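Q: This is what each chain is made of:
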Amino acid sequence: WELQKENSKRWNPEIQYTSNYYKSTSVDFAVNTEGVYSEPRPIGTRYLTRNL
Amino acid sequence: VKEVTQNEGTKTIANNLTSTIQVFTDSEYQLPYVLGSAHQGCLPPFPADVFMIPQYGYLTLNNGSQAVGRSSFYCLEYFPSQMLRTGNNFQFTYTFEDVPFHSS
Amino acid sequence: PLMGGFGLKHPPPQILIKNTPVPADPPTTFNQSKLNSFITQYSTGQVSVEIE
Amino acid sequence: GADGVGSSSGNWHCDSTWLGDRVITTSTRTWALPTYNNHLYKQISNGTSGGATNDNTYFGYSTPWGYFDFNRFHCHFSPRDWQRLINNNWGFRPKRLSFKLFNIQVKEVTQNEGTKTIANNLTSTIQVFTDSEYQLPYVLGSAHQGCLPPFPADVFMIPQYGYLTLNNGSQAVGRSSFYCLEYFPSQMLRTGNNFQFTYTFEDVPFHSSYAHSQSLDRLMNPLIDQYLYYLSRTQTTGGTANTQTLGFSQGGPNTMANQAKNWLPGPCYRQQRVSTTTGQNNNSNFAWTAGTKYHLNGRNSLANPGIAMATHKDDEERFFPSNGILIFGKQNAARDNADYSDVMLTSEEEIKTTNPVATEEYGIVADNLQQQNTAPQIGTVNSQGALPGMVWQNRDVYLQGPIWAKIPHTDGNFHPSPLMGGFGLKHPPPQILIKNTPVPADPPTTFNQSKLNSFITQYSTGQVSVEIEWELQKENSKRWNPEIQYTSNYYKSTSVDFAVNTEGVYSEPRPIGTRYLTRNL
Amino acid sequence: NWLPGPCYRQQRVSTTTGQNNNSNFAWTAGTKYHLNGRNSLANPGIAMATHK
Amino acid sequence: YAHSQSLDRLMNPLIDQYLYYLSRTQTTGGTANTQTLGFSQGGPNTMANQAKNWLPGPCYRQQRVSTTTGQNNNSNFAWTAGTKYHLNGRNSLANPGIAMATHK
Amino acid sequence: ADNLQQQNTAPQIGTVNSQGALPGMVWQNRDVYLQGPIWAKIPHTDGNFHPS
Amino acid sequence: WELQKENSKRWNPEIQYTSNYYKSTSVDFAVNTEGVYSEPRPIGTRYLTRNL
Numbered sequence: 687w688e689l690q691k692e693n694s695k696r697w698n699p700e701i702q703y704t705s706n707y708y709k710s711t712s713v714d715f716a717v718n719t720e721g722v723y724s725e726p727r728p729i730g731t732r733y734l735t736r737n738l
Numbered sequence: 323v324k325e326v327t328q329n330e331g332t333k334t335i336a337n338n339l340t341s342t343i344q345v346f347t348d349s350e351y352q353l354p355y356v357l358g359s360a361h362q363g364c365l366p367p368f369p370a371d372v373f374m375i376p377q378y379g380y381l382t383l384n385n386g387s388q389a390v391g392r393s394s395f396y397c398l399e400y401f402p403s404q405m406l407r408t409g410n411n412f413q414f415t416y417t418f419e420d421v422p423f424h425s426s
Numbered sequence: 635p636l637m638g639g640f641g642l643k644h645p646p647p648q649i650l651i652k653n654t655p656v657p658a659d660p661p662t663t664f665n666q667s668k669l670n671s672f673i674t675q676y677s678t679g680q681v682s683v684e685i686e
Numbered sequence: 218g219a220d221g222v223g224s225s226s227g228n229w230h231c232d233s234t235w236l237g238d239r240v241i242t243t244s245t246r247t248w249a250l251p252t253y254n255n256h257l258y259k260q261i262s263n264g265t266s267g268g269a270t271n272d273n274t275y276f277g278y279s280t281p282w283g284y285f286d287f288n289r290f291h292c293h294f295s296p297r298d299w300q301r302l303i304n305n306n307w308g309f310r311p312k313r314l315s316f317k318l319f320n321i322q323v324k325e326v327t328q329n330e331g332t333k334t335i336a337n338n339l340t341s342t343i344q345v346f347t348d349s350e351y352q353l354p355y356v357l358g359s360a361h362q363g364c365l366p367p368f369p370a371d372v373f374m375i376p377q378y379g380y381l382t383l384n385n386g387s388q389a390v391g392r393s394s395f396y397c398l399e400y401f402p403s404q405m406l407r408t409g410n411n412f413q414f415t416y417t418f419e420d421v422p423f424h425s426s427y428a429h430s431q432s433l434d435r436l437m438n439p440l441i442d443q444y445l446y447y448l449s450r451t452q453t454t455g456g457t458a459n460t461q462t463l464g465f466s467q468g469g470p471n472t473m474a475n476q477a478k479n480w481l482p483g484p485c486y487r488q489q490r491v492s493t494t495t496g497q498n499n500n501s502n503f504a505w506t507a508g509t510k511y512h513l514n515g516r517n518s519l520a521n522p523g524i525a526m527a528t529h530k531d532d533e534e535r536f537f538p539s540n541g542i543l544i545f546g547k548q549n550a551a552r553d554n555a556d557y558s559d560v561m562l563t564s565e566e567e568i569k570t571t572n573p574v575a576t577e578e579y580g581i582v583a584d585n586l587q588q589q590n591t592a593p594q595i596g597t598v599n600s601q602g603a604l605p606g607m608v609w610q611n612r613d614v615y616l617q618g619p620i621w622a623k624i625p626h627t628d629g630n631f632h633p634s635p636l637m638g639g640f641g642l643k644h645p646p647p648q649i650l651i652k653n654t655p656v657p658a659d660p661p662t663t664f665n666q667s668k669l670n671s672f673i674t675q676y677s678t679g680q681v682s683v684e685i686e687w688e689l690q691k692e693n694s695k696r697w698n699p700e701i702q703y704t705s706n707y708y709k710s711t712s713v714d715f716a717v718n719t720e721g722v723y724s725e726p727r728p729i730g731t732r733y734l735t736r737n738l
Numbered sequence: 479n480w481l482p483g484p485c486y487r488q489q490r491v492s493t494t495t496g497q498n499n500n501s502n503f504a505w506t507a508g509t510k511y512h513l514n515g516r517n518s519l520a521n522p523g524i525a526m527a528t529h530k
Numbered sequence: 427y428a429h430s431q432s433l434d435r436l437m438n439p440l441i442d443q444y445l446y447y448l449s450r451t452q453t454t455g456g457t458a459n460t461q462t463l464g465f466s467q468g469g470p471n472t473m474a475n476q477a478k479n480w481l482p483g484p485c486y487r488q489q490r491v492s493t494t495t496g497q498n499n500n501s502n503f504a505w506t507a508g509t510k511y512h513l514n515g516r517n518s519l520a521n522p523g524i525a526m527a528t529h530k
Numbered sequence: 583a584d585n586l587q588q589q590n591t592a593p594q595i596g597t598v599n600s601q602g603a604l605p606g607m608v609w610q611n612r613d614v615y616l617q618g619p620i621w622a623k624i625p626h627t628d629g630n631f632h633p634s
Numbered sequence: 687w688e689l690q691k692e693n694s695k696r697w698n699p700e701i702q703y704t705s706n707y708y709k710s711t712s713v714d715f716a717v718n719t720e721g722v723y724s725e726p727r728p729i730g731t732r733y734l735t736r737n738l
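Protein sequence lines, in the order shown, are assigned to chains P, Y, U, R, Z, H, X and D.
Just remember that the entry's author numbering sits 686 ahead of the position in the first sequence, which is counted from 1.
Just remember that the entry's author numbering sits 322 ahead of the position in the second sequence, which is counted from 1.
Just remember that the entry's author numbering sits 634 ahead of the position in the third sequence, which is counted from 1.
Just remember that the entry's author numbering sits 217 ahead of the position in the fourth sequence, which is counted from 1.
Just remember that the entry's author numbering sits 478 ahead of the position in the fifth sequence, which is counted from 1.
Just remember that the entry's author numbering sits 426 ahead of the position in the sixth sequence, which is counted from 1.
Just remember that the entry's author numbering sits 582 ahead of the position in the seventh sequence, which is counted from 1.
Just remember that the entry's author numbering sits 686 ahead of the position in the eighth sequence, which is counted from 1.
Misleading hints may appear alongside valid ones.
Derived list of chain R stretches under chain P, where covered just means 3 residues or more per stretch with a C-beta under 8 angstroms from a C-beta of chain P [unchecked claim]:
#1 283 to 297
#2 708 to 717
List of simulated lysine to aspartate or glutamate pairs, EDC-like, C-alpha gap at most 20 angstroms [as the list claims (entries may be wrong)]:
#3 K312/R - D232/R
#4 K691/P - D232/R
#5 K652/U - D371/R
#6 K709/P - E700/R
#7 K317/R - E684/R
#8 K643/R - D348/R
#9 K312/R - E419/R
#10 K530/R - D584/X
#11 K530/H - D272/R
#12 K643/U - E692/P
#13 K652/U - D348/Y
#14 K691/R - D298/R
#15 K312/R - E686/R
#16 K510/H - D584/R
#17 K324/Y - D659/U
#18 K695/P - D371/R
#19 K668/U - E720/R
#20 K530/Z - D584/R
Which residues of chain D face chain R? A few of them, derived with a C-beta cut under 7 angstroms, are [stated by the list, open to error]:
#21 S705
#22 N706
#23 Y707
#24 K709
#25 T711
#26 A716
#27 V717
#28 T719
#29 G721
If you are wondering where the hints come from, they were derived from the structure by calculation, not from laboratory data.
Every residue gets a Cβ at the ideal spot worked out from N, C-alpha and C, and that includes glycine.
Next up, chain P with everything else stripped away, as it sits in the complex:
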């Protein structure tokens, strides 16, 4: 996969995609009790910001 790097002068912190900090019964994107892999949520591709 070829990439296009981000070059931006925006001052404030960006929005990012992170995992939840708070505790859980099981980890996201990890096997359950029985080893059935599952994805708790879909993931969009758009986070960083540009300028029209």
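Assemble the complex: chain P is given as a structure, and chains Y, U, R, Z, H, X and D must be docked to it using the hints.
A: Chains Y, U, R, Z, H, X and D in isolation, oriented as in the chain P frame:
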């Protein structure tokens, strides 16, 4: 560069030599591009005129009068910019991309 | 462009300019707060533009 | 070209750059230097003769000079960059820095009647020098106010330089030392000059930014038993008459607390716990009495903050040690007696793995010696020194936090990691000094020997630019699931974080820790 | 000119049953260290003389 | 050589720190006082509250003895009260012991 | 501090007469004297700490 | 300034010029409260000893 004061009800003006001004151009288009809305304040047609330079500003994503997370903020002093005193000049060149001849 | 003109991928770069803020007399005793006082100031000059 | 009043000395540089593992961030600010102490070195002291308590007695001098302090991060990093850095990088260290000083102006101001006026004085000069040989009392490292402002548009006043020396009471002893700054070679600049120098950092270990995905004690295999045994039973059971006996078992999944272990937690020096909930705390003022303190030279001292420790254990976040944690005030917080809502508290929770909780004991040992006659007893160690096989984590660094501190020059030290966090150095960046050149008033016609006390009121401003090249340590990890990251809030707000308010007062809504990515013990 | 190594005390237990206290003290009297709100026995602990 | 400074006084006497410490656990000036939280910056007035980057060396206490006879306790405590360390079921006086200040 | 404070409980303090080495300590060796011994042989051991 | 170094076999300790050890209200040869520099005493040039 000229520094002006108000003393009592009178004004006076004098040349301040050492003072400087800042100039830069964004070649990489890294700023909100405010031109293209045909705002007032272009260079006056009749050359003998002397014009005031407009103030720069920009708008961003709003919800009501409030602003959301993707709202972006800038600091202009965060760019490389050349500093000039009274003994300086500033010049640059540019080229237009190939664009079809405007039909008249 | 609707208003008519030449649309561009890369317009001529917009130019920025500002007077350098020059403080007034600061106090003798130190303070951290940034200096809000300034010499009232403005500047003029010439500008020339060429197009082929 | 030939420099003079016409040309400008140097060009504004505030920029960052990301190259591979290198990141180069340079900044520029506008400074203003007033004249201090009317050009007079003055003795300053305080003692129990006045209202001072015995602990705060000091003796020292206040020089006319002034110095530059960039030691805080938020000088060199926009929040945005400081977002990239902590997300993608395990560790980093500085390499080399550059410094430039240019575009000096000098302005002489007068008071006539009830009015003021200002004009450019061309011929006047200012003095600048840097101590490369560290021959002066090194005042940086205490995180004093007056570093370069984070938001570049600001214009800051340069602090006044001074230092303290051996005191006895408000008085001073024989080893008390005195200095004269004008006694050093220093370069003199007029409006047509610039000043620049370079520096290199000594090899210093990369500051670790990450949390350990494991815990110190749980490194074991959960499935498999150990073959070692421990003493599991001192007494027969199930009988109507029970006697002492010896019995053992293998360490295994069921009971992990009995298994052998290869390492120990870091050292612990206890702190008193304080709740953010007012009602929970004791009703009294215990702060200075109950405060954890250390005693030096017949003089009491609070230990601020103290060594790196866990702030709190699980879900205890409302609890924090007395002086154990750093504090940062919110914008325009009251200087004195500020209420909680105006300050911002750091959290060390990330290190709970390796290091003990600050509010609790290190461990338990036996006080007495058991016998068939005697009942055994236990004891509690609140303060534990260093032992073989300990591992520990340094204290975190913050966007507002100080970058480095000079390691004192001594016979010997142990693990020189500055308490406030940073990079300890044998040879920090040399501190920079600056002063206006005193210009006399009109002297009398008739001769006199007495030095001239009268002067032209004067001050001078200019530009300053600073460059730092930060080396990085890239993150390489096979962890499957998504990481924790540092992000801005998605939900709407009245104003944006880290952006100017209605009146253009820049403010930082929260401090930013350095540790997000995870590694493996 | 020198000092012995560091010491973190342990409770003494006799191989002779009768000599030992009559009780089960093993986990209560056991020398332990506390980490992350979690108690841990120190096994074995740092190197020391077994007995004089 | 001797250090012209002291470990704790390395601070600038003039300038405040920007850190805060917990200065107040209790309301004051009222007829009814309750617990509260309050802070202040470390500054010239109170230096004992300021942040510090280093700690004194290790300490293993000794018993104090006066050169003035009358001041000392009347007894022979030398070997009993003497600071000692225990090795291999054998008692040992620690002579002299690690480097420390003799007296304040 | 020896104990843990509460709205119910009064805090207490404790005194450390003997303190081991901690991170960030600095210290000075003992002085030498015109009559004093010049050197001493470091014992040969698994390991030592600041052999002065 | 050119110097002439001292070469002498005298056994006992020399007389030297030293600052007073005992405490003072202010330091010798340092600025006073008001920044008026002063010299508490003159200093002779002759200390070391030679032999006729």
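Q: The structure should be examined with respect to each hint, and the outcome stated for every one.
A: Quick rundown of the hints versus the structure:
Only residues whose beta carbon comes within less than 8 angstroms of a beta carbon in chain P count, and the segment 283 to 297 of chain R has 3; three or more means the coverage holds. Only residues whose beta carbon comes within less than 8 angstroms of a beta carbon in chain P count, and the segment 708 to 717 of chain R has 4; three or more means the coverage holds. At most 20 angstroms may separate the alpha-carbon atoms for a hinted pair to count; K312/R and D232/R meet this at roughly 17 angstroms. Only pairs whose Cα atoms come within 20 angstroms are accepted, and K691/P paired with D232/R is accepted, the gap being roughly 18 angstroms.
Restraint check for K652/U and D371/R: the C-alpha separation of about 14 angstroms stays at or below 20 angstroms, so the hint holds. Distance hint between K709/P and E700/R is fulfilled; the C-alpha atoms sit about 14 angstroms from each other, no more than 20 angstroms. At roughly 9 angstroms between alpha-carbon atoms, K317/R and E684/R fall within 20 angstroms of each other, so this suggested pair holds. For the proposed pair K643/R and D348/R, the alpha carbon gap of about 14 angstroms is at most 20 angstroms, so the pair holds.
A C-alpha spacing of about 8 angstroms is found between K312/R and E419/R, which places the hinted pair at or below 20 angstroms, so the restraint holds. Taking the CA atoms of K530/R and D584/X, the gap is near 18 angstroms; set against the 20 angstroms cutoff, the hint holds. At roughly 14 angstroms between alpha-carbon atoms, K530/H and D272/R fall within 20 angstroms of each other, so this suggested pair holds. For the hint linking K643/U to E692/P, the alpha-carbon distance of about 18 angstroms falls within 20 angstroms, and the restraint holds.
Of the supplied pair hints, the one linking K652/U and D348/Y holds, its CA atoms being roughly 15 angstroms apart against a limit of 20 angstroms. For the suggested pair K691/R and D298/R, the alpha carbons sit about 16 angstroms apart, so the restraint of at most 20 angstroms is met. For the hint linking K312/R to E686/R, the alpha-carbon distance of about 6 angstroms falls within 20 angstroms, and the restraint holds. In summary, the hint linking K510/H to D584/R is supported, as the alpha carbons are separated by about 18 angstroms, within the 20 angstroms threshold.
With a CA separation close to 18 angstroms, the supplied pair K324/Y and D659/U stays within the 20 angstroms bound. Annotation: proposed proximity of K695/P to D371/R holds, straight-line Cα distance about 19 angstroms (limit 20 angstroms). Between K668/U and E720/R, the direct Cα distance comes to roughly 13 angstroms. Compliance with the 20 angstroms bound is thereby established for this hinted pair. For the suggested pair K530/Z and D584/R, the alpha carbons sit about 18 angstroms apart, so the restraint of at most 20 angstroms is met.
At a threshold of 7 angstroms, the smallest CB-CB gap from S705/D to chain R is about 6 angstroms, leaving the interface hint in force. Restraint check, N706/D versus chain R: the minimum CB separation of about 6 angstroms is within 7 angstroms; hint holds. With its C-beta approaching chain R no nearer than about 4 angstroms, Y707/D sits inside the 7 angstroms limit, and its interface hint holds. Look at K709/D: its Cβ gets to within about 5 angstroms of chain R, closer than 7 angstroms, so that hint holds up.
For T711/D, the suggested interface contact is upheld, since its CB lies about 5 angstroms from the closest CB of chain R, less than 7 angstroms. Annotation: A716/D was flagged as interfacial toward chain R, and the flag holds, the nearest CB pair being 4 angstroms apart, inside 7 angstroms. Interface hint at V717/D: satisfied, since its Cβ lies 4 angstroms from the closest Cβ of chain R, which is below the 7 angstroms cut-off. Taking 7 angstroms as the C-beta contact cut-off toward chain R, the hint placing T719/D at the interface holds, the least distance being around 5 angstroms.
Given the 7 angstroms rule on beta carbons, the hint for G721/D holds: about 3 angstroms separates it from the nearest Cβ of chain R.
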